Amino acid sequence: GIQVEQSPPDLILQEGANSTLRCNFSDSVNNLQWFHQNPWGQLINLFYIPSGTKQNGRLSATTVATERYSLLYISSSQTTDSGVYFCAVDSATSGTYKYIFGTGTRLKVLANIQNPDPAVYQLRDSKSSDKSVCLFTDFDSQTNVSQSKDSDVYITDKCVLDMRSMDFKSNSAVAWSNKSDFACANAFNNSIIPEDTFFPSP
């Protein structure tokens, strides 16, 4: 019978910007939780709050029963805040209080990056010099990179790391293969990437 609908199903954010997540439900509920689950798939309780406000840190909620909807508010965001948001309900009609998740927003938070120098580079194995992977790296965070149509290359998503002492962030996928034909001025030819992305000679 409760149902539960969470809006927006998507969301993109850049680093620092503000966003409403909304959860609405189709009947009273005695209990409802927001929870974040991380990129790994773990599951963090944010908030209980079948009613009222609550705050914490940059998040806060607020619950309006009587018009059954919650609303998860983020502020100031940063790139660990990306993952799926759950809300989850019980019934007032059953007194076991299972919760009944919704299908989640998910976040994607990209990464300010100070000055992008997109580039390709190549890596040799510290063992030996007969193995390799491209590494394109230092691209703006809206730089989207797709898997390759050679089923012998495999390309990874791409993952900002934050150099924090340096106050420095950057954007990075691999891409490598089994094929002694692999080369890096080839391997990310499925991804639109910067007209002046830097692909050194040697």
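Numbering follows the first chain given and starts at 1. Take the two forms, superpose them, and find the largest set of C-alpha atoms that agree within 1.5 Å; that set is the rigid core. Compared with the form deposited in another entry:
Relative to the superposed rigid core, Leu43 undergoes a CA displacement of at least 2 Å between the two forms.
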Second form
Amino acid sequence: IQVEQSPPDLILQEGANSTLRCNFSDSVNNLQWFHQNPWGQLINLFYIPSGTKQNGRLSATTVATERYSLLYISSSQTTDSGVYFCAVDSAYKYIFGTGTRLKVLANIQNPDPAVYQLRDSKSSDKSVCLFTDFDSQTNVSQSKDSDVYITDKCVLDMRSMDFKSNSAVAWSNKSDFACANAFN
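Structure of the form deposited in another entry, please, following the form deposited in one PDB entry?
Since only the chain itself is given, any partners or molecules it might have are not part of what comes next.
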């Protein structure tokens, strides 16, 4: 049978609530919800062919008659980021959906965007461009030019001081490359 997950990608802010949908084509005797971490490990969230279940911050509801299941995440934290899967029993032979990629952003109190030039520790003239302290809503610049590499944005968190930094890295093989105009 067929199983579709909605939405395909979800951009969410920290501490906000979210809902993930799962639609199946036929009657189901066994329904399971999973979470896949960056390493590829599939974490069991709920076994819910019907009814309502709650596991702390997470809750799930399956409406067997209308052939759908919902996954609720209250007060979404940065740790919850990853791929959420919905799997159905073909009645046994399990079919997984397309999946939902959760992008939980960090809460930045004061965004101060500043680009910096970093030099290599080892005896070399090699440089690196760092765009730091920018807002979560800021989209990263794609492959603008060949031989010039710009990394996607990642969420950094400090323990001693309650701080959330947003950073991106740029570098080029061409020994002339400037940092100020790199993140356009």
